[PDB]
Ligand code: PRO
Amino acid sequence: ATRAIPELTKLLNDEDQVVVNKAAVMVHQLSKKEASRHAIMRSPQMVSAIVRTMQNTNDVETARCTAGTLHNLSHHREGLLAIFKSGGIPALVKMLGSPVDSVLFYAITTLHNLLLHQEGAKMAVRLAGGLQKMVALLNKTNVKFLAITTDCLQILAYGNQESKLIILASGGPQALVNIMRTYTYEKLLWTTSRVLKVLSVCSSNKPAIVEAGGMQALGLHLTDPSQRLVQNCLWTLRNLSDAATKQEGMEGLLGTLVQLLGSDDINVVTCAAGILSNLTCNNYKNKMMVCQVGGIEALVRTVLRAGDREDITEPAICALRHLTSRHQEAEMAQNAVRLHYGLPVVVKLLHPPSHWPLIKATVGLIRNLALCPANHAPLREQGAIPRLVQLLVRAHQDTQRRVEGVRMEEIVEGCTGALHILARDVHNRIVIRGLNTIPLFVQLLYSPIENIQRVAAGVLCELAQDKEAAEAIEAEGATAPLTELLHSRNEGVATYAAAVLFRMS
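Structure of the chain above on its own, please, the form deposited with this ligand bound.
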């Protein structure tokens, strides 16, 4: 009464144009109602007749109806199983080379459903050469079509390094960036930013996205009302920012990031801090710009607000470290940290339950802050010296014993470096000396690491300008290691070594 399936299957399996043509229309109509659709599926003979004729037909009207049938079947989880087993995936991929627009939509949407809720559909699309076809079709201009196409690429690229490389080889990066700076349809931009996000953790795709103009193209959508689009852009930008220290025209992006620091959302702030840290690292220009738009003030605020969330402070402290040295306004930034009540919270971050990455970052910042004479006293009063010395004592004793992320040598250099700058102040020199550090500093002259030698000879040089300290350095037998260091290939090491041997007369 309601199931005349075997009759229609035989009619689709005919060596005639108009017979196959007319039957495909009537089958397409049965899939439109959510009751007779269950009859088309669960019948393997019927679904195979469709897959065959769709891949074989030469009429325009027939290719649309057959493809729409599978599209209608793919909405139900038991339809996807029929299309997969019927061998529809290899046919639909060949159908991506179709000249007519309307059919492509049906083909791509069906493959999209298969990729989402059918086991093994990802593999089968890859092997049928679906990737190359999907990338090459990124030059189309229908926004709904492109949204499904980019999502297909995201599903196929996610957690699959081989696919990311093929997308790269087929000029994927450039095409996806182009979408970001042209189209403004939210759903397309979202799925497109999700593809780029997946691609951005690939070490070969990453530079390609950067070189195509990805950083800026992603920066365009950060003030956009859509939150899921903004977040995905941020995530991608973070992955990319370590390979972006050369890119120019960054002013707009840098300004927007400083503003995004004031956001209520942790994910937004975390990313903003991270991207800034990476872009301010060793790039002279970005350091200047970020300071000009109130980067210090926003970052201190960020750290103060963040508390003990190390995901926020670690990149924010790193950015602060970058901004407090080696640019025209570095002194200004050093003062600004103090003037925005940042010094106490900075010193606090040297104490537990802080982990090693944050401590390394915090130490390097204090080193920079201590370059400004007006920071000498407050850093002393907050207790930076005794804590730095404790990190130094413990890290050194870990080097002798024959842990997480960073090596203790980096901590040894960091603290001694920090103390070398602090020892510029006479009152700091007293505190440093009173903590029995002279013995440790002398032993540090024996270090194979030249950077440790330099900061060790540096702090000792600073301390040796006082008579009482000079005697202690001599008493610890520093003469022998210092005279060795007079001949170092490192001029800094040799200069300080001379200055200490000078003062011990």
The other form holds:
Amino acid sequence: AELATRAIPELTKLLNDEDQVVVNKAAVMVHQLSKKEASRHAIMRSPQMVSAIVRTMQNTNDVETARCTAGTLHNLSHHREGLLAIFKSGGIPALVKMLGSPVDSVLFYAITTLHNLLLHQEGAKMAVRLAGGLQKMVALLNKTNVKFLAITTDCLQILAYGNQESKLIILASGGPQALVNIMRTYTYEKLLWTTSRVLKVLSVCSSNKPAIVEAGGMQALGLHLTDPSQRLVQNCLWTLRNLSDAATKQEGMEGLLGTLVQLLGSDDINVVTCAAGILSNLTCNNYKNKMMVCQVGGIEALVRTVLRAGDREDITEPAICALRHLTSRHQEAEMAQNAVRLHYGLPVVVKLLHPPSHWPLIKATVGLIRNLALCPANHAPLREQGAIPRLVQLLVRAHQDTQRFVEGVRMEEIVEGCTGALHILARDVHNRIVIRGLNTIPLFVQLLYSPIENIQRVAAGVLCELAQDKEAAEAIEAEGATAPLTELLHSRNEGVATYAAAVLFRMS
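Next block, the form deposited without this ligand, ref. the form deposited with this ligand bound:
Keep in mind that what follows is only the chain, not its partners or any molecules around it.
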């Protein structure tokens, strides 16, 4: 401090210079005063010099002058008050101006001083946003030095987190495409982890997610699912899960779907839950993805996941959902319906219909059972496992709650799913004796009166399969169903009209 606190007032005169060359020879001096801790603890001390370093750094059109001036601000950036000094000096907009400077060396001090400001200085995020540094940081994502890219992506992550307007600026600045490029072309873990944190923050925005998917983000995140760094894989999985609802049109997912299946066998419950969630979303409405997941043993992996998950519905509900997807509207679905039985899946699926399962899990499980029931080899084991009495009790109770949303599930979807499962199970003659013995024919006739056209179709279809037996056909008639079936014959839904025409013919 000798040649410091006391060396301060002379340095204020040595900072401010009017000559385009004496302030240059002064700036390279101030850099030397920045390299010594004693002299920079004096630069931190008085705010006059700090404003002059910031001013002359804006004024200078010489690269070397701008470097030592920024390196000075960098050395002040290690000190807590140095930050407060740059905050007073208004250097944040000045530092932003050099995010467009070309020489690398000055970019590296500026993005670091801004980084330390965003971490330890209060209100710094608001100042960088006002200065338009967000758009300058996204443009910097094209540079090549990985240590520089790791700091820039972190600055964007601290700024975008919890701020929806910062996320929309990153979108408008082409951020999604730039961040995805970083994931495809670099192997440095610190940068890839930070970039995935940015994409994770952008993944929850309704506008950013389609653009990330458009840029190939699903495939880019898939490349790092095999990485030994847990924080990288986990953030990739969290990000993949948020975008997976918008990626039903993407192709080239063969590698991702194969890795996702292996991740189901993982011991990390967060890894397993995410992989089950992504696979469930990507297999929806995508026949090609259904084929691939089945081609890499996905049914067997999902059945093992549901067995290992037990009572945790964070795992079973997506894994059941994915299983219901892979068992319908898809080429090798008949082999998938059998595969569930072959891997001892039928007992656990029926179990998930009983407590303590919550209604969302029950919805998927009933849907899974309809698809499994399409395979005749599943008719007898589903009956032996006790599926028909339980589906009937769920249907009866759900129908009373409709006459008089639970867990986000409307009971009318329980009514429709349970009647649909019974519709397919009723193809087997022994299931029809069980369904008939439960005195379900009444309730089925009531469902013909239901306003939901899908509930009318499953109700008329199950009565149609039942009406092929003589004893049952008389019971449907005695139930008075001949009159609703007449109004059903003239329905906008075909399926409602044809099933009503079939039962009517069966009653003779």
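Think of the rigid core as the biggest set of C-alphas that the two forms share within 1.5 Å after superposition. Residues that one form lacks are left out of the comparison. Positions refer to the first chain, counted from 1.
Visitor: I'd like to check whether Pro207 and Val125 move within the same rigid part between these two forms.
Guide: Different rigid parts.
Visitor: Rigid-body comparison between these two forms: how many degrees does the smaller part rotate once the larger part is superposed on C-alpha atoms?
Guide: Treating the chain as two rigid parts, the smaller one turns 12 degrees between these two forms.
Visitor: What's the distance in angstrom the Cα of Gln328 travels between these two forms, core superposed?
Guide: That residue's C-alpha sits 1.1 Å away in the other form.
Visitor: Quick one: how many Å does the C-alpha of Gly307 shift between these two forms once the rigid core is superposed?
Guide: Its C-alpha position differs by 0.3 Å.
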